[PDB]
Structures are given as structure tokens and as C-alpha cells.
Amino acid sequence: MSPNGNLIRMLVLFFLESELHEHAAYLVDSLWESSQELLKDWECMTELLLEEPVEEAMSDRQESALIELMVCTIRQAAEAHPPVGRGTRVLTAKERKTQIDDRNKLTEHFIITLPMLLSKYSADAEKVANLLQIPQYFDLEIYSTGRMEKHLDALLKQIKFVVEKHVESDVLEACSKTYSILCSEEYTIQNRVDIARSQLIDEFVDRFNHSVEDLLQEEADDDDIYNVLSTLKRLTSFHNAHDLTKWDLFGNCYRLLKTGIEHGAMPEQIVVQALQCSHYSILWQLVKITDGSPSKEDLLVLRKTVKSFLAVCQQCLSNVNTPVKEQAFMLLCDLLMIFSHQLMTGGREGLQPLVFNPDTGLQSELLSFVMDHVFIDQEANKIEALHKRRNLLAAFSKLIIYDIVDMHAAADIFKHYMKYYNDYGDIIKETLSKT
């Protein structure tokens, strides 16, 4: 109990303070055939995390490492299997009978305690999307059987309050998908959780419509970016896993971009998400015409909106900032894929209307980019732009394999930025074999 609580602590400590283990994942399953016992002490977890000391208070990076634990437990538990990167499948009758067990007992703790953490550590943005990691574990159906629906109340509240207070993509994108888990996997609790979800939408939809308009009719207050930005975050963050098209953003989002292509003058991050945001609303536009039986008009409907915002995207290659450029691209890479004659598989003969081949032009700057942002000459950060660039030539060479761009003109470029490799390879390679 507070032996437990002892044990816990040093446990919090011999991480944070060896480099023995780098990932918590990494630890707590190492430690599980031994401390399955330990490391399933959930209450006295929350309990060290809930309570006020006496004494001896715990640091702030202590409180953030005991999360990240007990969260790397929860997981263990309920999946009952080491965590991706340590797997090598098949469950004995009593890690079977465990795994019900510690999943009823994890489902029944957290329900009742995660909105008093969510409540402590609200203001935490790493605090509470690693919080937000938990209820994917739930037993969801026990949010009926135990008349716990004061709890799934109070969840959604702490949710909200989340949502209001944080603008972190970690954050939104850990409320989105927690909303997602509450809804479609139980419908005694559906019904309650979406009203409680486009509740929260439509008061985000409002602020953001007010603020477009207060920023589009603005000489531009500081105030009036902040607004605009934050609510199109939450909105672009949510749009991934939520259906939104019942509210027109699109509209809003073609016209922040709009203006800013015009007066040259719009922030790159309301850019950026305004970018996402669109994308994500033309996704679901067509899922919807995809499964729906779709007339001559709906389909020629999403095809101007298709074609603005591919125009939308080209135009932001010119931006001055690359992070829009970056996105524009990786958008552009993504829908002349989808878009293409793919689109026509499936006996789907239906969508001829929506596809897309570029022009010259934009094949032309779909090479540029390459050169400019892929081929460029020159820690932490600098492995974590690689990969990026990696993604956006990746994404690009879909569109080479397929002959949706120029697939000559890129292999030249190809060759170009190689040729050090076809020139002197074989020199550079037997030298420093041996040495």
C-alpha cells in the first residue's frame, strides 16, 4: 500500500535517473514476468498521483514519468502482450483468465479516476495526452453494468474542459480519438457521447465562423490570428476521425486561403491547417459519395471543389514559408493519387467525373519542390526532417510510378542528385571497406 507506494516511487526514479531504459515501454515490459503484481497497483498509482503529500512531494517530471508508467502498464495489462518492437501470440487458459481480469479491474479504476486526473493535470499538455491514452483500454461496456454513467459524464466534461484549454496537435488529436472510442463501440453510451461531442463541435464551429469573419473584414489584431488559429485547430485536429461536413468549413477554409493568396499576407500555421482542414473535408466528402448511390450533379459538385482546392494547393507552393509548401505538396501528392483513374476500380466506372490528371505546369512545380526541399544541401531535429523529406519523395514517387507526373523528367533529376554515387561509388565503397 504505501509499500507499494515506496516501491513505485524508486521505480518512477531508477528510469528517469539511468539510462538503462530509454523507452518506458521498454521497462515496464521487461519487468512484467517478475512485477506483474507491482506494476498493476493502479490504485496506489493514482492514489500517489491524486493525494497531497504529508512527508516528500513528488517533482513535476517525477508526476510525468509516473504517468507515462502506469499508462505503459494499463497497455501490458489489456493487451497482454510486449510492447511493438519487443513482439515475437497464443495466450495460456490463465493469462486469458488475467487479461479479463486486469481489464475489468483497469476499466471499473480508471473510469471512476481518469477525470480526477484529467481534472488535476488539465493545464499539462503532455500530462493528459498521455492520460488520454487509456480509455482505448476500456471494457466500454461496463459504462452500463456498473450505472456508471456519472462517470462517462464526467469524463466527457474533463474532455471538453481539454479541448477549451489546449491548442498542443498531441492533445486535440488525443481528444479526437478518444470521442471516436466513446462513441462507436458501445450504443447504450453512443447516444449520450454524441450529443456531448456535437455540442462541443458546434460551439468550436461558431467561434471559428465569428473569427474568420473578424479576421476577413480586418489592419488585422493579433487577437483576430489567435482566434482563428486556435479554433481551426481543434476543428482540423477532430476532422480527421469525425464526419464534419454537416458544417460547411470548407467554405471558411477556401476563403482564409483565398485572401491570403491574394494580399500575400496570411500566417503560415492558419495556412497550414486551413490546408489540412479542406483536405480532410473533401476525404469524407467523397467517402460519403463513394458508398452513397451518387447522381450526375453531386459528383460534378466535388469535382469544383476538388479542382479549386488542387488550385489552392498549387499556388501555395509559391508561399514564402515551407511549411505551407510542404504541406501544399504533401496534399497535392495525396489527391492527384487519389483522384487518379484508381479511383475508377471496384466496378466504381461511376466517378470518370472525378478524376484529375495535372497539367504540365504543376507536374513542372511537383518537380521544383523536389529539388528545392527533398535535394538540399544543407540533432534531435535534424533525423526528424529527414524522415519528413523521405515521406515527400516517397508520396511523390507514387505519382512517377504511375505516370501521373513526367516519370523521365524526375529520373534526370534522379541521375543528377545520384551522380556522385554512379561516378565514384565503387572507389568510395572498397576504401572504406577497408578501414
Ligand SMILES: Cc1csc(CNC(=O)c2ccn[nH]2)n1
The other form holds:
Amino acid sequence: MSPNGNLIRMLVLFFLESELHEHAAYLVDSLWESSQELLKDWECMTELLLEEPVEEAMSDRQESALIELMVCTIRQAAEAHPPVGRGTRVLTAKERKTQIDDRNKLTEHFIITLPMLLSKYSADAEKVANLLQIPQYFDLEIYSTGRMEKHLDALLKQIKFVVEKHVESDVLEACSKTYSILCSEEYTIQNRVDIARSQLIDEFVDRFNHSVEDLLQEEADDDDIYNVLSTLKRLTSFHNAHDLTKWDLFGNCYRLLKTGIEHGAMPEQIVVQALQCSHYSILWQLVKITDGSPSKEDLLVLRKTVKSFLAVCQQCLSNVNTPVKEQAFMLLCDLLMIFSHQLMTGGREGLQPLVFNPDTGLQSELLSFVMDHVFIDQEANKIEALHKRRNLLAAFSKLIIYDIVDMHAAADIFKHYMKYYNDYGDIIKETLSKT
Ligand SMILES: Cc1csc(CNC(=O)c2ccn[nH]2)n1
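The block above covers the form deposited without the ligand; next, return the form deposited with the ligand bound.
Let's see the whole complex now, leading with the same chain.
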């Protein structure tokens, strides 16, 4: 009760204080065979996280670690296998029976307790993002079974509060995915969740639109900029997993970008988000057109939309801010692959009017960015900025393989930058072997 409480408090301390377990998940996995009963005392954990002390209170850093450890135990119980990296997977009768009973316990428990957790820690972005990994493990049918409607209402209230308070990409994305899970995974509560979502979206589209209008009519305030960016971020996050096409967001994104090319003075983060949002609008237009039975004019309206957006990305390669060039580059390399001739696979030859061959000018600019921003002369931030340039080249590599860009001009650039490997590498290789 408090006995298991002590063991959990010290388990959190051994985790943080020793560098003997770097990954929470790997710690839990390793103790799992021997300490399952303890590691699934979820009532004990939420009690620690929600109660006020008598004495000795938990420190902000230890609270964080307990939430992270709790969520790993919730996964390991639900999935009934070691985490990604410690795998090898056939369950016994009793292992299977235990998994069902565990999923039951943590669903009933966290439906009640997850809104109370999100309420208390609502401003801690890292913590809220971690709590919102929990619903994916819910046995969602139980939101009906337990006459538990009052607690679905409570989670939706708390997700609303979080999204309204936060702009961090991890938080919002966590909110987006939770709605997705809550919505399309059980018909019983699908209708209730859909009404909460679209009211949330509605309130953010109105605020976005009023702020776009404010910015563009204006001299332009710091408030005008905050208001656009803050609302655009929430909508960009959600527009990946949710079809927000019914709200014409591409329209205002398009103006923001046109204004930031013309007068060249649009803040870098607005341009990046405005690009990402426009992209997600187009992908969702594409899906409705693939699955629908679309007319000639449907195709030609989406085409005009796509050619104007490829134009905007091409122009945005010339933006001073390298985060914009990167975003524009990434989108060019997705779109040029998606609206290639691949689009006429699986008997979908109706889509030919949607096919786009990049011109020489554009191909040459997609070559430039690689020389300027992939292949550059000169801690943790650099292993990360390397993986990005890797992804940027890999996204560009696909265009080379299918001759969407000039495959020869490309390999010339790869000659120029590999020269020292081809001129001195054998000599460097054998030298390093003999030390
Ligand atoms: C037909 C075609 C495709 S691109 C091209 C000429 N551009 C380049 O080769 C290049 C290298 C660096 N920047 N641009 N010709």
C-alpha cells in the first residue's frame, strides 16, 4: 500500500541516480520476470503522483521519471512482450489469461485516473506528452460497458485544456493521436468524440482566420505574429492524422506564403508551418480523389492547387532562413515522387492529369540545395542535424533512381564530394588496419 509505494519511490531513484539503465523501457523489461506484481501496482503509482505528502514530497525530476516508468509498465502489460530492441513470441494459456486481466485492470484504472493526472500536470509539456501515450493501450469498449461516459467526457475536457495551453510539437501530436484512437476504434463512443474534436478544430480555425486577416491587413505587431503561428501550429499538428479539408486551410496558408515571398518579411516558423499544413491539405485532397470516383474538373482543380504549391516551395528554396529551405526541399522531394508516374499504378490511369515533371530550372535548384545544405564543411545537436541531412539526401535519392531529376548531374556532384575517398581511400584503409 505504502510498502509497494516505498519500493516504487526507490525504483525511481535507482533509475535516475545510476547510469546502469539509460532507457526506462529496458529497466522495466529486465525486472519484468521477477517484479511483475510490483510493476503493475498502477493504483500505487497514480496515488504517489496525485496525493499531497505528509513527510518528503516528490521532486519535479522524480515525478517525470515515475510517469515514464508507469507508461512502460502499461505497455509491457498490454503487449505481453519485451519492448522494441529486446524482442525475439508465443503465449501460454495463463500468460494470455494474465494479459486480458491486466488490460482490463489498467483500462478501468486509467479511464478514471488519466484525466486527474492530465489536470494536475497540465502545464508540464514533457509529462502531458508521456501521459497521452496511455489511451493506445485502453480496451476502449469499456467506455460503454462501465457506464463510464462521465470519464470519456473528462479526458476530452483535459485534452482540450492541454491543446489550448501548449504549442510544443510533441504535446499537440500526442493530442492529435489520442483523438484518432478515441474516435475510430469503437462505434459506441465515435460520435461523442467526433463532436468534441470538430468543436475544438472550429474554435482554432476561427482564431487562425481572424489572425491571418489581422497579420496581412498590417507595420505588423508581435501579437499579430504570435496569434497566427500559435493557432497554425495546433492546426498543422492535427492536419496529419485528421482530414481538415472541410475548413479551406490551404487558402490562408497560401496567402501567408505569397506575402512572405512578395515582401520577403514573414517569420521563418510561420512559413515552415504554413508549408507543412498546405502539404497535409494536398495529401488529403489526393486520398479523397483516389478513393472517390472523380470527374475531369475535380482532377484539374487539384492540379491547379498542386502546381501553385510546387511553385511556392520552389520559390521558398530562396528564403534566407535554412529551416524554410529544408522544409520546402523535403516537400518538393515528397510531392515530385507522389505526383510522378507512380500515381498511374494499380489501374488508376484516370490520374494522368495529376502527373508533374519538374522543369530544368527546378531540377537545378534541387541540385543546388544538396551542394549547399546536404554537403557542408562545418554535441547532441550534430548527430541529429546529420540524420536530417541523411534523410534530405535519401528523399532526393529516390528522385534520381526514377530519373525525375537529371541522374547524371546528380552523380557528378557525388563524384566531386567522394573524390578524396576515390583518390586516397585504399591508402587510408590499409594504414588504419595496422594500428
Ligand atoms: C536537364 C538538367 C537537369 S539539372 C541540369 C543542370 N543543372 C545541374 O546539373 C546542376 C548542378 C548543380 N546545380 N545544378 N540539367
